[PDB]
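In case you want the letters, here they are:
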Amino acid sequence: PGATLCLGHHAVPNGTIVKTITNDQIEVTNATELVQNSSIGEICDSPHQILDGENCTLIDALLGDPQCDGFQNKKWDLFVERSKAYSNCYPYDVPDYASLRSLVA
Amino acid sequence: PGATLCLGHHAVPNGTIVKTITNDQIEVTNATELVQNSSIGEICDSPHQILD
Amino acid sequence: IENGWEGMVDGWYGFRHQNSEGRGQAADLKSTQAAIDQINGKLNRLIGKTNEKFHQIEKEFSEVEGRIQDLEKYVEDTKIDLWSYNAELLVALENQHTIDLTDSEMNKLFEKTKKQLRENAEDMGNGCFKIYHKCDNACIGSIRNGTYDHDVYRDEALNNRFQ
Amino acid sequence: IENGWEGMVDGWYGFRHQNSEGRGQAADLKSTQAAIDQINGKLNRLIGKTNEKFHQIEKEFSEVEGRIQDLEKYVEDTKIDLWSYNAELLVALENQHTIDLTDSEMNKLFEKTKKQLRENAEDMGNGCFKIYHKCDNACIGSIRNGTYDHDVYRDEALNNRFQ
Amino acid sequence: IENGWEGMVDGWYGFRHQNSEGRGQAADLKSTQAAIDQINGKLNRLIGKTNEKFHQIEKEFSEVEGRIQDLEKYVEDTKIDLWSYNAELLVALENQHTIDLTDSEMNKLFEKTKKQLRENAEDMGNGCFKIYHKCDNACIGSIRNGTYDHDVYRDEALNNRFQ
Amino acid sequence: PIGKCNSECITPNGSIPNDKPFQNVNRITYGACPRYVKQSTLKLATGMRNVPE
Amino acid sequence: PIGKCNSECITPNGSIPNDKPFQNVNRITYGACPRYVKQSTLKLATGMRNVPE
Amino acid sequence: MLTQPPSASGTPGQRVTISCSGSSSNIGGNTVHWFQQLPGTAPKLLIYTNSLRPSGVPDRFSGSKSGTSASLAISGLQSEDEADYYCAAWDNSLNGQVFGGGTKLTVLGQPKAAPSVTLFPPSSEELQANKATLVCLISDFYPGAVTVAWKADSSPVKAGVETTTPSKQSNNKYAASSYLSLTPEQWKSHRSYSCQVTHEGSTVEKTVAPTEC
Amino acid sequence: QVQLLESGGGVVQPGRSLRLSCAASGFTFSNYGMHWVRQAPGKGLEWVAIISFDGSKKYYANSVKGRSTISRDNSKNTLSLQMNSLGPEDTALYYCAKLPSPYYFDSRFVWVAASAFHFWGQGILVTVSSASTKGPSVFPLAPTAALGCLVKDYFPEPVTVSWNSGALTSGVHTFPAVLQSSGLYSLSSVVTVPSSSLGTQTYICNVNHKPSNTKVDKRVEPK
Ligand SMILES: *[C@@H]1O[C@H](CO)[C@@H](O[C@@H]2O[C@H](CO)[C@@H](O)[C@H](O)[C@H]2NC(C)=O)[C@H](O)[C@H]1NC(C)=O
Ligand SMILES: *[C@@H]1O[C@H](CO)[C@@H](O[C@@H]2O[C@H](CO)[C@@H](O)[C@H](O)[C@H]2NC(C)=O)[C@H](O)[C@H]1NC(C)=O
Ligand SMILES: *[C@@H]1O[C@H](CO)[C@@H](O[C@@H]2O[C@H](CO)[C@@H](O)[C@H](O)[C@H]2NC(C)=O)[C@H](O)[C@H]1NC(C)=O
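Residue numbers (the entry's author numbering), protein chains in the order written: chain C, 9 to 113; chain H, 9 to 60; chain D, 10 to 172; chain G, 10 to 172; chain A, 10 to 172; chain Z, 273 to 325; chain Y, 273 to 325; chain S, 3 to 9, 11 to 27, 27A to 27B, 28 to 95, 95A to 95B, 96 to 106, 106A, 107 to 211; chain L, 1 to 52, 52A, 53 to 82, 82A to 82C, 83 to 100, 100A to 100M, 101 to 126, 135 to 214.
Which stretches of chain Z does chain D cover? Using the computed rule of at least three CB atoms under 8 Å from a CB of chain D, they are:
| no. | segment |
| --- | --- |
| 1 | 282-293 |
| 2 | 296-302 |
| 3 | 305-317 |
One side of the interface only, derived from the structure: several residues of chain A facing chain C at Cβ under 10 Å:
| no. | residue |
| --- | --- |
| 4 | 47 |
| 5 | 51 |
| 6 | 54 |
| 7 | 102 |
| 8 | 103 |
| 9 | 106 |
| 10 | 110 |
To spell it out: a stretch of chain D is covered by chain G in this simulated footprint if at least three of its residues, at any positions, have a beta carbon under 8 Å from a beta carbon of chain G; those stretches are:
| no. | segment |
| --- | --- |
| 11 | 74-83 |
| 12 | 87-99 |
| 13 | 122-135 |
Note that these hints are calculated values from the structure, not bench results. Beta carbons are placed, not taken as given, at the ideal position from N, Cα and C, and that holds for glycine.
Excised from the complex, chain C in its bound form:
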């Protein structure tokens, strides 16, 4: 006699909630996170050249604090200053310390 014909779309048992203009929270099939919020915990030595100046500040290596003689004439892309860094040579101070540090960096 006569047949019926339906039009439909698929679905999934476990969708995820997202946000749009109409709805603060609406469920969709699948979605991707756009906010990187996790990190390993270590710095990768490539592709940027890294200089781990662990007991030394850039200014100490500059002046030539004796514990920093390794950094003589070395180049870098990113200098990593540690919270354990300390100076051991003659006491000093630098007017405009930040500016010299920034320009040397």
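Given the structure of chain C, go ahead and fit chains H, D, G, A, Z, Y, S and L with the ligands onto it with the hints provided.
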């Protein structure tokens, strides 16, 4: 007996490509540049008073 | 619709008809006028509205100063990036809206017609109708002008459509 | 539509049919392909496009300096707030557009079908048609593939639909 | 639609009917409820969400200092301009969305009705139907409530519609 | 060089027209200038989708 | 700690992947880094509305 | 098949465009894509879904498609983009993948075109095996169109075979090399061989010549 | 990235059959439909076959339909092609490649992605012609200056030329082979070298011909 009647829009042989949300590149009839990127090469003495 | 019509030069949307009197084409004034008005309003919003800025910070440096130089560079760079983002987004949104309004005007005209031919015609699905009675050029004009009365041609079209 | 169909695994949109030969289900390739293309273009726009920034101002301070510190904090905070606003707005807009394009593809397919069954069927209103003639699995295939001719089944369906 | 109805006070969208029992008007609860929900969600997003900022830079100066003053003015001015742009764009977008959702709810209701009267009525094109059978106030109620069965009135309307 | 014309937007490259909302000639501006952006070109559609025949 | 890997975005917490457009690990960045935002999570829809069955 | 013009051309930094015409069966219904084949290597994917570039591809390459016509644009064309470009799309009628003919794009070579001609004689082990092959080459010239007039003691021959190598990645320098080969019969019977270039980069045809010495 | 070992190239007599196989590693082979494309020497790019990520869908070109078979094993991560009744219009390079295709050829897990996984394999050369593949004959060619090596009278075409254990890397021009009235191939490999190195460091070319077990070295200089 019976006649047919069509609904349509115009077109042009040489459209220009623009960008929207759906399509990175889509062709339209005509479009205008919004980024001034050319200059003459000289400074105009008016309407601002200039001191060379 | 399948494609566009390159022969239209007195409008943007229109009609093509094939009847016993031959084949003809004529554009619709109201729909294209509305599209033109909207795009002109868009241009009037965008073009010619620039505000004045006279004295600012320096943005090029021939010396090595450190902290203040770093800060000024950072400020100008941040401003530039944010404004470039805004410009790209605004252009994308406005072009999407232009496309949407043009398509909406086409569909508006199609529906305005379809509702005028209540039962005297069928939708072939290719942006063209099939009118089921002898419709002359004057009848097509009565269609487009908005004066077409379905009652006059209703019984003939219902006959030629169901028997 | 009332709800979705969890049994579909070879596509996103589809058809279900119940005829004298039984009940069947099969998806539509073109519509889901278009939806997938649009979402892949969206991802290609967003993902993998990050520009380089190397040397900037300092953003953490272990000392109390006053004016310059206040200014640097203000600058970074302003930048962060503006970019966060932009991110939230962009995500909201793109998700709205994704929803809209998927729904538009569903309605596109529904209309493509409805125009194919010109007078041989009626719209029950629940996202399902009622076809008024004996339509076998081969006839359903002729529907979906786009080869269905209404003339063949027109008179039978008009009979079973008006008498 | 031609215009609006100023006599509606128990809703936003509705129906007017003229039958042998007279002329009547009554609003639709579901559609206006959905529109109200969406606009209330919009207001809940916008209103009452302001974050705290306590200590910032100075923004008015009674002296002539030069570089740092220039930079602070530039920073505050840039921030102000960017936020003003964002505010104007957000208001424009939200108002466009409000208009769009209201019109969409009206068209939703119109289609919900049109699909209910499958063949017993015709679309006159002016936001009004023509029902081709004697339909009393109870029949109109059966329409709006969603209980209208077309089969009961189908044959009478098909007769008065094709002969 | 200093010329003899009229333009309300001056850059170190010369005066530029102040009609388009954006510009990328230079970021150093004086007057009613369009905002500097990094894009070399942003095109605004003044017509419908174009499917030729 | 300094490791032996490859990543073009470095933060004081470590290297991070440079695919997602945003990040909230830290605001101090070196390299091709995603922009710091305050949101802990922003999710982008890769599928249609989901009304289950 | 898909219709791509055989050749494209331009100047460094000109934004060339290649086109691709199809049919309702493939392009009107499906998306297109574009591959690049550097001479002597496997093709690489440039564009897919008519506008999308993969991770490796620079934003200089862009694509578009409308109706039955697809387009592939290159904005900042440079020395390292002389290659073959293929447009392709899926066809539902054939239920397969249909490619384009292929398009060769060349750059504006500053017509220096100074063929560093060098005539080379046959060696010992070739003649011990009753073989001989005298060669004449041209390096660092432009464009591809050239002719070579043989002089077998001031006499012309037929069926002379040579191959034109494609452009260099940096210097954009063409090169050809034609070698005539026979046995010692028709070899030791004549003494003066010569090749005469006929090229659009100098005044008139230029002859160079070895003799049997 | 993608590490594929290709195999099956060679010379196959007319009317006989070829059987190629490329084995991939570096990704989930189990969820990508694959293509076999071919490229005749000279020019041209013709598509041969396509296979779904589970074999459920195979399709061939009308030009090679009814005489070819594409197959795959997800356990050994292997793609393979078989073709019978070969003629001269089939001598070509065969690429096993993941091209963009309709979505249903790939799995559900890779329908949506910002990456668009792709790769083309290096060519697999098959040649249909009469037998007796003979090794090469290499002659030095010596006279701003120029010198090189001419390698003639070989078949198949697979040939490579290096200079001085891969030292001379600039100015080198290896000329594409040309076929003749006989089943023999030629290849000139020249280099423009200054007139100030006739005795500075004389040069010697090396020619690697694999389908003959041939590595021929020969030095070039005038008398
Ligand atoms: C649904 O989306 C998620 C993203 O949240 C996809 O999960 C990712 O899948 C890719 C490849 O399969 C992996 O490289 C990522 O590590 C996954 N991320 C997470 C958080 O799981 C998932 O594949 C998508 N599902 C479908 C069917 O497309
Ligand atoms: C950085 O400094 C620390 C502390 O000054 C060093 O640790 C010392 O290591 C030496 C020998 O390895 C010991 O004699 C000390 O006792 C350690 N310190 C303490 C507090 O116990 C560390 O070796 C230094 N590293 C570098 C790379 O300079
Ligand atoms: C199509 O748009 C272009 C803008 O890109 C218009 O070209 C401008 O036309 C105005 C007046 O005709 C001139 O003042 C400008 O100098 C033109 N600019 C360029 C770049 O040509 C063009 O007129 C538009 N065409 C139509 C038919 O409206």
